[PDB]
Amino acid sequence: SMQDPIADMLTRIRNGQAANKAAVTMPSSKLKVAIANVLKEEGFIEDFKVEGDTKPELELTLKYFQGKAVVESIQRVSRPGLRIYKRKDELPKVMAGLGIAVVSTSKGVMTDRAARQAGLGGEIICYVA
Amino acid sequence: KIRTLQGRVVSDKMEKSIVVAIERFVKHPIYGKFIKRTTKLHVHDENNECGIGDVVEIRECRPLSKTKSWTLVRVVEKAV
Amino acid sequence: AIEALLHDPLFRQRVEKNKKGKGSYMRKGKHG
Amino acid sequence: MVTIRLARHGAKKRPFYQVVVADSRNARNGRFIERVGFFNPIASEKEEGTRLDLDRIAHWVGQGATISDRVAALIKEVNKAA
Amino acid sequence: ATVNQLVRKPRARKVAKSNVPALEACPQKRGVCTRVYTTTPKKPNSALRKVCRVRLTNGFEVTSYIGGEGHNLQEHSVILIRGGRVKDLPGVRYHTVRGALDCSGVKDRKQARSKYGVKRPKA
Amino acid sequence: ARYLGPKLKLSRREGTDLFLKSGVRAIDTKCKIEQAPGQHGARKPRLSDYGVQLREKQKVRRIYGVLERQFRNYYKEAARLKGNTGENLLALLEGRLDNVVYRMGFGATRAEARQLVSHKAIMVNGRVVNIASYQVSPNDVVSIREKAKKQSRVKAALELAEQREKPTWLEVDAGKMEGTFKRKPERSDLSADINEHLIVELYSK
Amino acid sequence: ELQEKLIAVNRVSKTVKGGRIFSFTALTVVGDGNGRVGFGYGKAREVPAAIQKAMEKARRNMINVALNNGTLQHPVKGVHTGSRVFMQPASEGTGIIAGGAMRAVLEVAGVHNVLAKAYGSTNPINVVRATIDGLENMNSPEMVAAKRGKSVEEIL
RNA sequence: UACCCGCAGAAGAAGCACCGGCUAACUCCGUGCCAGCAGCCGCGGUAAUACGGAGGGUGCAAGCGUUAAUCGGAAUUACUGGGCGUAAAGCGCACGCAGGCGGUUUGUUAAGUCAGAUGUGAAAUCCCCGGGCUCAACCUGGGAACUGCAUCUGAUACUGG
RNA sequence: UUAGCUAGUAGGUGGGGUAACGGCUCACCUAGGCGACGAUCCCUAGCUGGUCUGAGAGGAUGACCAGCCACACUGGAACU
Ligand SMILES: [Mg+2]
Ligand SMILES: [Mg+2]
Ligand SMILES: [Mg+2]
Ligand SMILES: [Mg+2]
Ligand SMILES: [Mg+2]
Ligand SMILES: [Mg+2]
Ligand SMILES: [Mg+2]
Ligand SMILES: [Mg+2]
Ligand SMILES: [Mg+2]
Ligand SMILES: [Mg+2]
Ligand SMILES: [Mg+2]
Ligand SMILES: [Mg+2]
Ligand SMILES: [Mg+2]
Ligand SMILES: [Mg+2]
Ligand SMILES: [Mg+2]
Ligand SMILES: [Mg+2]
Ligand SMILES: [Mg+2]
Ligand SMILES: [Mg+2]
Ligand SMILES: [Mg+2]
Ligand SMILES: [Mg+2]
Ligand SMILES: [Mg+2]
Ligand SMILES: [Mg+2]
Ligand SMILES: [Mg+2]
Ligand SMILES: [Mg+2]
Ligand SMILES: [Mg+2]
Ligand SMILES: [Mg+2]
Ligand SMILES: [Mg+2]
Ligand SMILES: [Mg+2]
Ligand SMILES: [Mg+2]
Ligand SMILES: [Mg+2]
Ligand SMILES: [Mg+2]
Ligand SMILES: [Mg+2]
Ligand SMILES: [Mg+2]
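Chains as they are written, first to last, in the deposited numbering: chain m, 2 to 130; chain v, 4 to 83; chain 6, 15 to 46; chain u, 1 to 82; chain q, 2 to 124; chain i, 2 to 206; chain j, 10 to 165.
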């Protein structure tokens, strides 16, 4: 049934962008939240907002520029059927550095560049142009 | 500083012996998926302390029999 | 020998394609 | 008998010897334990033709390793130089 | 398709058989002209195309095209076949070599001489 | 291993002056430089993408007088080396000994230079170098040897050169007949009419 | 200062009560050696006329591409009908490594340095379209900075 | 012997394939679906740039063609990197063991994972910077690499327990 | 379009043997062991460093050079 929450989140973001919706709400998860934060930092969304106690719903607010959408591409890379791990040499360059790659390291989820700087690789979560 | 493996026991009908599946979680070469690949080993045990479906830690030694070159060091999680 | 020879294929009826005819259409010309 | 000796590795007519530690029974160019320098007879001016890793050779000798006559000569030469 | 599926059963290379099997990975092969004859090419062409049934050295029986204008090949003549094929002919997958063994070079030829076993004209 | 035949024909084919003759007398007088060689000379078919590149390649090869395998090797070398590839190739071509000699002005033509090199007249750092294809490095002095200094052809060549445009990457002296290869040439310092990119593309093909 | 190639010219038919009626289609592409490119598919009963038409078409409906120096900014995939097309920037000196219709569009555009592959169909009209699409979609570092609201040095 | 020095005299030293399109290179004569060509498409039936000869040209060059055999193009077995309403492709429909995948929170572990280290990964070969044979090929000094395995010491986001 | 294979067979005890552990061998005792992660059977093949090709991932390959293996007219056997 429901097997990759992260993937689902990404799809939600994509569809919202397509449809020119302002806001995307979904179930929150720690990893998801982290991802959202990362996105915000990298300027791909306007803001995120968690809300609720028992079953909290993350609510991201999508960003547009001169009409068209900002989140141009947002692919998963690791995925439950085939996970991916990269060593700090092998971390990829999305859109030749113009986009980002969210990567989960032992020092938290971060963007690929950040990881590289740190000097450590990790499970690659998703590319986002 | 002893190289050892922890496996589920599979069968113990033969005396002073067991056979112990050792699951190793390898990456595939081409496809990059991780598979569980299984290594059944014959393991020498005196006293016949092991049961079936039991978690057991072993070590590699001098060959006891034709098939048998491993000897168990400790048992864990024996009976359901 | 005469008879069978006649029967053999080298002496089959020949017909030619047409250039302005009915079955004329050349998709690609001889030369570019 | 583990022997420090030469090993012909060059062109035709332009030999370049590797000096090596080898079980005697192995072939000239074949299997060796360690390569402990080198030697060039056809050495131009303003370049080192010979160069030996002397500590390693000493160690090998200690272990109980014979030295080929040419290798001995080379060693002697090197010592003279230094 | 699915990575799991591929793991289970990996994907297989399309094993392409050779169109010149008598050769058996040899660039030529010698053999004797069982018989020699003319054939008709398949539509739309017209000719009497000259072609010999050759028993090869390695046990095979093939038939070979004889290029150029004219040829001396008889029964019990020993020739060198090479992998080549006249398209128009059903079942001919081999060219004779002109000028190798008993076969002679084409008479009176002055362009692409090599390909028909002809020596350079004298001067 | 050399092109021996008619020189101006090649030039005609190319469409340019390849400098295959000394330059005493202007190429337009010696041949129909505009009309390409042969029975179907006047006719100008429209050249394909493949064709143009090939032509360009030929031109370059013709200019320096180099056969295909060697050219290919040079290209490969250029590719291997760092930076721009076409430029590198050009530099390599320049670097050849005969070419250098020609530039200096001891050859009237590049062919002449090559001949000189062959015939044991050209010393590179005071050691006789006989091979045309020999690369000349930076700060390598290159001279006519004393036996070959008396030849009237050499002085003629020098004179011719003096009329021609002088290269910046060399420094040459007429009385001593020795020149110094100062630095590998920049692309700008060579002729713009050659398009090295095309050649690169061809070899990629 | 439009430099322009005719990529491909092709005969096309229409059958009628009498018989086959021929025509020609030309496919040109014009570029300025900088940002601007456009393609023109023209059709006429005689070739030259068709070509002219194509040229005319090309000259209007041009398109601006952001170019880093003489190359693409970053790797890009353009697609259209059968042909799908990958093209990736490269080092000064590599040249236009590209096949057919695709090469032509690049040349006029004023890319001088690409590795380009055309997967799928290589149907000239479609592949040129694909290439154009790819070029169009491709955005610069400056462009992305604006989008994300950061410095160009932060985007790097 | 390499190498050098002298001697004479343009002297002893250019061929092979191709030129319809793909594919760089075109005309005349002979033939007349013949004789022949041909990798594919396809030439030849009396004006053949596609056969054979010539002249002319193009490409390679002490070689040049043909064949055989591999990878490439072929994203045409598609891990990177394809597909399946109609082009080949969704079991007739379920249930279900093995198998694969698994919502959310905490703790813990540290197997995967990541980092660093130590041992090893023979030399040669490949690549980088050099050196030596007049140059090159060739030889050669040092490095890098050999994407791995094993252990030890850490990290704990993600997966696993 | 090879699904079952194996009785020194799987394990134990004790003797004997080996330079050495060991069903290596023998006598007794248990009835195992291997197998859909492909056992068994059939066809082909010396393995590696490398080599060719390829943008790479791969694919094909294993002349020379070097490492390991095996064979020495065929089948056996030990002696030194
Ligand atoms: Mg591991
Ligand atoms: Mg001496
Ligand atoms: Mg040569
Ligand atoms: Mg380069
Ligand atoms: Mg058409
Ligand atoms: Mg297709
Ligand atoms: Mg042409
Ligand atoms: Mg022919
Ligand atoms: Mg006539
Ligand atoms: Mg005629
Ligand atoms: Mg006719
Ligand atoms: Mg002809
Ligand atoms: Mg072939
Ligand atoms: Mg493939
Ligand atoms: Mg193929
Ligand atoms: Mg398909
Ligand atoms: Mg169907
Ligand atoms: Mg159905
Ligand atoms: Mg989970
Ligand atoms: Mg599970
Ligand atoms: Mg660990
Ligand atoms: Mg590690
Ligand atoms: Mg040198
Ligand atoms: Mg090595
Ligand atoms: Mg957990
Ligand atoms: Mg015993
Ligand atoms: Mg005993
Ligand atoms: Mg065999
Ligand atoms: Mg490929
Ligand atoms: Mg024997
Ligand atoms: Mg024999
Ligand atoms: Mg025997
Ligand atoms: Mg015997």
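Since the hints were made in silico from the structure, they are not lab data.
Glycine is no exception: its CB is placed at the ideal position from the N, C-alpha and C atoms.
Don't take every hint at face value.
[To be verified] In the DSBU-like style, the derived pairs of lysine-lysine whose C-alpha atoms are separated by at most 30 Å in a straight line are: (1) 26 (chain j) to 34 (chain 6); (2) 86 (chain j) to 26 (chain j); (3) 148 (chain i) to 111 (chain q).
[Stated by the list, open to error] Label pairs and their calculated CB-CB ranges: (4) 41 (chain m) to 12 (chain q): 56 to 66 Å; (5) 146 (chain i) to 115 (chain q): 54 to 64 Å; (6) 85 (chain m) to 58 (chain j): 53 to 63 Å.
[Claimed, not checked] So, partial list: chain q residues that the calculated Cβ filter (under 8 Å) puts toward chain 6: (7) 41; (8) 47; (9) 49.
Right, here's what the structure says about each hint:
no., hint, in the structure
1, 26 (chain j) to 34 (chain 6), "holds, 17 Å"
2, 86 (chain j) to 26 (chain j), "violated, 45 Å"
3, 148 (chain i) to 111 (chain q), "violated, 50 Å"
4, 41 (chain m) to 12 (chain q): 56 to 66 Å, "violated, 43 Å"
5, 146 (chain i) to 115 (chain q): 54 to 64 Å, "violated, 46 Å"
6, 85 (chain m) to 58 (chain j): 53 to 63 Å, "holds, 56 Å"
7, 41, "holds, 5 Å"
8, 47, "holds, 7 Å"
9, 49, "holds, 6 Å"
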